[PDB]
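One chain follows as structure tokens, the form deposited without the named molecule.
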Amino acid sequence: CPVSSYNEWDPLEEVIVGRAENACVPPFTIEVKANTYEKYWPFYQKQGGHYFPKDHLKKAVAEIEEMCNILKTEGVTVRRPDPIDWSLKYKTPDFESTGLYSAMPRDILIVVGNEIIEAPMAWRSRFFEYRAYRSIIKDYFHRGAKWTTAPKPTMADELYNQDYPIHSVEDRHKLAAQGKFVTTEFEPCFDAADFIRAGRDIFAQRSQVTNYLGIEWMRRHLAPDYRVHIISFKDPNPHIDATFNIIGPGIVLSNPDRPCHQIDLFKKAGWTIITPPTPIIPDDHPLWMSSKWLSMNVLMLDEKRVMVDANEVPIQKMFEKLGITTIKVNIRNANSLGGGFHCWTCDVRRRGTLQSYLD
């Protein structure tokens, strides 16, 4: 069976790496605004609907191609999404919009066992993102994999708090604390990236794009074999792999700025919680999507080999003192699109079995 992955660290064998090509700035709408730092609002305000700076995209393409080269060198089989023009404007009976990109396979596909799951998504500009990955998915399907599509939302106004009070990150973070997010519980929605796998236990978080109905759908769909737990963090930010990236059996990277409220569950489990050192990325480099914390958004080739940013020396040193071989790759420009290694990939096959690490 080509598809088989139970966690984030077993020996990687096959992976899907995204594409920076024809990426479009999403129209500046409520759920987009709730996910971007003030600094960039005018960019989305003016640039919305057009491609991301073509000069910048060209540098991303180059960086990702090298990443793919190294992956092949490391013995990993690389598959890529199809080239597609995300500038096309589509219209459903509920809304009209243009696309985003097929850069982050982690945002939309998650693999549990022999099953590949397409996430519903929660952004209008990402409604038809799955189109970019259907060729790969049908191929695995013909080859034996189980294939699932979570219920695609309508994404009607009813799913969004049209009056979500975000005017700064300080408004979002307080509301978040209050349990207030731009998405309602009108219908199931979620980004696969708010789920991180550890064998029989998957951990998820309610976020701007993943609501509780989304989490219960997953919980209800994978049970009894898999337990989906909900954990929360201080100053929550969507996509868990940049706040709590699990890198080994009982070893996790906990972002110092976003401490987990349930850290004790893991302390009691005899888990090693590592706090990575601060990122060194220049504040002048643009990250239209995400935060500087992409430095901890690492991809493990196995327990002892990590693919880390070539520029983040401090975190490189940490892995090394720990006995983990750093495979330095530079993707500074690819980061602007909103993600690091874990985000730009989706592990389709890892050599290993299903186990419990929470005891």
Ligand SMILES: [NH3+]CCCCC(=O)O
Contents of the next structure:
2 protein chains.
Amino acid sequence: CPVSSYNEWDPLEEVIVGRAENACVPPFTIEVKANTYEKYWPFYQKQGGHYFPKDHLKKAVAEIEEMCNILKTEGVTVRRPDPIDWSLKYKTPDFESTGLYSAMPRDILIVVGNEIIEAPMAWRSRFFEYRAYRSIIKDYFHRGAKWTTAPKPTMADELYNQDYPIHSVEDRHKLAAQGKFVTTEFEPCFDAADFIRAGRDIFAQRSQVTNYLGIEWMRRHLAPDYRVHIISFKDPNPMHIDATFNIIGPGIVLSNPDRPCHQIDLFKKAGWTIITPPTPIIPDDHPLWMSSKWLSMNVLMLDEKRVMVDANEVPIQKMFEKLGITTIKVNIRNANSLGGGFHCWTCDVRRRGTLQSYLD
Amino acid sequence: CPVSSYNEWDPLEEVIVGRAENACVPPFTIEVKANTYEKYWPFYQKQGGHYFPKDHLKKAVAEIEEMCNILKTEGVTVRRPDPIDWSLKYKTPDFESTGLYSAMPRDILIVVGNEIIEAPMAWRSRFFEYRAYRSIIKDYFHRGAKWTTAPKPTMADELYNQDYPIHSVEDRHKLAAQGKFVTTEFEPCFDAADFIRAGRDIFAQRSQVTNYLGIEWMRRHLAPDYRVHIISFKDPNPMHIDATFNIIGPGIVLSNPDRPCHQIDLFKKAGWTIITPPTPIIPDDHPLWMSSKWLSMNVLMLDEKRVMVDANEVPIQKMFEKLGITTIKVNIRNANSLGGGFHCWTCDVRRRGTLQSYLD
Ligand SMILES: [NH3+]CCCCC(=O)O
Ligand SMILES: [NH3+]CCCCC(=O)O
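Can you now output the form solved in complex with the named molecule? The one shown was the form deposited without the named molecule.
Everything in the complex follows now, all chains and molecules, and the chain you saw is the first one.
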């Protein structure tokens, strides 16, 4: 089987790397507002439906091409999604919208064993995102892999709290703490990036884009071989878990110092080593349209002792080095602006290894 | 100025479209043999000096007339070369020969800014090809355009390796790789179709008909405003670059999957999107006297989002459509036999736009 990955660290053999091409600024709708920083709301308000700045995109393309070159150098087979113009307006019986991009494979695809799963998504501008990945997936299917598409939401108004009282990131954090998110429990929805793998145990967080119905779907679909656990954090990122709690080896995890896990003791009890990375050094003037500055810890492990890390983030490079982990430095400063780091920009399709339990 | 074109994609306003009339099969000399497939060598050997099959030419005329109709429909002003009998034998102090045709304006004329340049050519049967275009060029000159004629070669025996060891297309590919071509460096020579424009940067390839002296001439003549770069490919077409590396927009290029560019990383580093088109579907029984089957990617851009493409080549039509580029389908299956696709059969005289750099 070409597809086979049970965790985030076994020796990487094949990966899908995203594309920056024709990326479109999403229309400024409620769910977009609930997942971005106030600083950019007016950018979305004005640029909505237009391409992201083309000079910026060009730099991102260059950065990602180099990353792919380095992966091939590290012995990894790289697959890329198909080029597509994301500006096309589409219309379902429930809504109308333009697209986003196919920059982040981690947001939509998750590999559990020999099974590739397409996440439903929760943003209207990402409804047809799966189209960029179908050529690769059909190939794996022909070659023997299992293929699953979680139930695609209608994304009708009922899935969103149109009056979600968010006016600042501080409000959202408060609401989030009260169990209030922009997405209701009308129908299942989720981004695959809210799930992180550790063999037989998979950890998920209810976020602005992933609801309890969505997590339950994953839970019910993967049982009994896999167990899906729900964990929560203080002042969580509106979406995605990989820059909050990135598992980098058997029993080792990177815990974002600003977003402590409410269930950290479950991990301490299992004898897991919780590492808190140093703060990011990325300039506050650099645009991060989506995401926080914590992309620095959004690393991708080529294996247990080899990590692809940002060339600019020296302080976290040193941390890995004192731990005896070889750092493969790559610069994706401009690609970062699109919303992701190495883990987000990829989807590990095949890692050499077996299914195990690390929670014991 | 009626003449003004800095690249291959700005909004087209005026174009010169070739003619199939009185096309003559070139005498089978060494340079003709080095630029054609073994399958047709005996055709040239027998038909040399006679007109190409007249029933075939008639079909080509019909196809090109329709193309012109569609261009006028798309708002483009079309100029056509003068009708001429190419069978006339001429004689310079260096050689004697019959002509070819004025089917491919791209082979002989290149527009750089407000300047129209007549290529010297490298085939003895194309020595007097410029005669079909003089009425149009003098008109543009009277109207203000700059007019240049690169040094016309003597085309004496010294320009050719009379004993060029080509017996199959596989031999040529090997020789080409060794830096051995049918044309020596005796005097400058080139076809304008070996040059492709991207604003301040122009790319050229040393081919069977374009030597280093010829490229240097262009380089020296256009400096300092324009930079002429030499790029090479694996298993290149004996002549012309436009069905190997066709630039279709700012930072976007079509790279023939069978002829990868040795310098592709220069482009990846600039943040250019390299698209590899699907394979041609043209029947192997259809005669392609000159050219390979890759005419499918020899498209002409009416603007960045409008491309004139072959009606029969559905797979490449789909590629453009997923990229959000409107396809203007036209059938030139029979015209193709003469050696070209849309880019070859035309010469963009005026595109609306300015001189820019896209390599940064
Ligand atoms: N998938 C990438 C988004 C990560 C955003 C953050 O945690 O700041
Ligand atoms: N000027 C048209 C010749 C193109 C031939 C080829 O590249 O197969």
